[PDB]
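S.K.: For reference, the chains in residue letters:
2 protein chains.
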Amino acid sequence: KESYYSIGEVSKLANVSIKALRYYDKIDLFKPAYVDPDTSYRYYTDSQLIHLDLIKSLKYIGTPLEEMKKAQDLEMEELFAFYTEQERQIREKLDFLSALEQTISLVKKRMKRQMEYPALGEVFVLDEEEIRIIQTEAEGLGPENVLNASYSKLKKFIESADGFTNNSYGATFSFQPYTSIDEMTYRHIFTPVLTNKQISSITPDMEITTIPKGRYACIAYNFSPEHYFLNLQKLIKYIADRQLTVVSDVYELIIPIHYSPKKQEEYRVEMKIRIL
Amino acid sequence: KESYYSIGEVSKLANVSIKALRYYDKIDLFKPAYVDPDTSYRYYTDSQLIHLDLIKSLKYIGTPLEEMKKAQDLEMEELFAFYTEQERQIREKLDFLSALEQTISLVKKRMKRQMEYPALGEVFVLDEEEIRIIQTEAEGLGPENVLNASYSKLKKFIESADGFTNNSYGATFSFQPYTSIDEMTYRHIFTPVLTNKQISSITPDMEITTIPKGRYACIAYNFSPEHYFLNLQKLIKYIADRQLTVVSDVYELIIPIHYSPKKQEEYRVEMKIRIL
DNA sequence: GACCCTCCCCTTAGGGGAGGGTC
DNA sequence: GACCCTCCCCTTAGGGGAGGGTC
Ligand SMILES: CC[n+]1c(-c2ccccc2)c2cc(N)ccc2c2ccc(N)cc21
Ligand SMILES: CC[n+]1c(-c2ccccc2)c2cc(N)ccc2c2ccc(N)cc21
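Protein chains in written order, with the authors' numbering: chain A, 2 to 277; chain A', 2 to 277. A prime marks a further copy of an entry chain.
By construction, these hints were calculated from the structure, which means they are not laboratory data. Check each hint, because a few of them may be wrong.
For chains that are exact copies, the list does not tell them apart, and a pair is met inside one copy or across any two.
As a list, the in silico DMTMM-like pairs of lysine to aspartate or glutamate whose alpha-carbon atoms are at most 20 Å apart [to be verified]: (1) 2 / 267; (2) 198 / 47; (3) 109 / 93; (4) 198 / 131; (5) 157 / 208; (6) 27 / 86; (7) 214 / 250; (8) 70 / 267; (9) 110 / 47; (10) 60 / 93; (11) 109 / 131; (12) 154 / 206; (13) 157 / 128; (14) 157 / 10.
Construct the entire structure; sequences and hints are all you get.
M.R.: Laid out in structure tokens, this is it:
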């Protein structure tokens, strides 16, 4: 009342660090009422402690410091408004994050499936859920000459909506009795969608579509140039032996086992085709 | 395939800035496959573009860069785990924020009431909702000698739970036919609670309680030392004239109209008492 | 002894230059 | 011409010292 608080006093009283008070002083957000012309010691009054309330609350909600300066100068009505601003900014952060919880949750579901592989290199028939995907005409591309860059445009579309880029790389081609790799060309290349958020101004050359719900003859394995083709062969054979009727392209997905530059790269390949 | 991408090429392809690639290089998160010993130009392969997926997704969810380095080295199972970590960290952020939406919403409701004052300086009788509060025995304090520092301990308790410090400052005293200020002493001083989150290890000397739901004889005004007492007088008179029966202490709240150091300080005073 | 002062260095993830040199 | 290089300065909100000087 009729004396001042030293810095340490204020700091214990308002639960704000000395360093912070000192800094709040440098920026002129909150200044000691008095500074001893000799010692440079900061001294504060009791009445001024109340200006800290605003500072602490705004800090708590994450208002930048230089905004608080603008905030101090408000009568209630205008400060009421100010708060609705903070509210809608918090709702955005909420929507953003809840979207994010759902996405990761899904990314996870997809990882689990690809570690619960029944076995590698043998053919399974399984019942699959729909997978939404964006795809593009693969303009004469195939296994021997497709690049990561081929996917770039698709990826830009996905990332803009989903946020989460990392995924598998897909392509499709016709089920034929192929007798070598060079014999084969992809129909479409594609990548899966994870969200249900409208894609911004998608352009004609992309197609939003799905790998439909159905029974599927599958084969999955860890990639090796040798095994690519010979595994497809198993799949062809499997189908011929059981006289199954195929009802879609061959769908091939490729997904990195890891993303380390320090280790040898390695991929999971999965090839599936729908049967009746 | 049999050549490299320059930096600008990669940047267009992965939608990552040159500055970022350059930086990701400085930290060894992602390094060009080749650097021209003469020009220092960075050159990248197609195969390596895939390491960016992880980088971009993790960046999207806000993993610090130095964590991504640890993240790259994971097989799927361990990376699955990693993701559940990210999930629970997102839930915390969600709980935090949703708490925050509710708090501000309330802070707002309270501001509206104190701008919908029916009029200042005249007495109203109104029906009030409960207000939860923490209070402490005011050890002989009163109007003439209470400080902001008096509230400090209460405030520490509130802030630890609510996050939001800024509020009104309350006190209570006995309804007597006072004939001067020095005649009066506060019973308890208090501050309102905003959350319903358990207060951490509150200590006996605090009381969690409320200003109960009821009818109340009120008077509110903008503070002036003169008007403090004379307004109380109106309230006493009001009650005597209508022979009302009082059923609680006088509750006094004080709230800053603004938090500017640059303007003259100014307070709203509200004095209310419960009647049957 | 305890408290306070200034000044200097640190962390994040780059963006915006300037002034080279290179495709 | 357009692209790329290095190096230097910038923003946030302080925390952790060191080496004074002061309660
Ligand atoms: C789908 C083709 N394909 C092959 C491949 C398949 C058969 C023969 C030769 C290469 C490949 C081979 C190596 N080593 C490394 C990466 C990839 C790859 C990477 C992405 C992608 N979308 C397709 C990819
Ligand atoms: C409730 C008392 N009171 C009075 C006051 C009331 C009557 C006579 C003299 C001072 C006050 C007067 C001025 N100028 C500035 C701040 C305050 C204040 C601030 C906080 C608080 N909790 C109580 C406060």
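S.K.: Which of the listed hints are broken here?
M.R.: 2, 6, 9, 13
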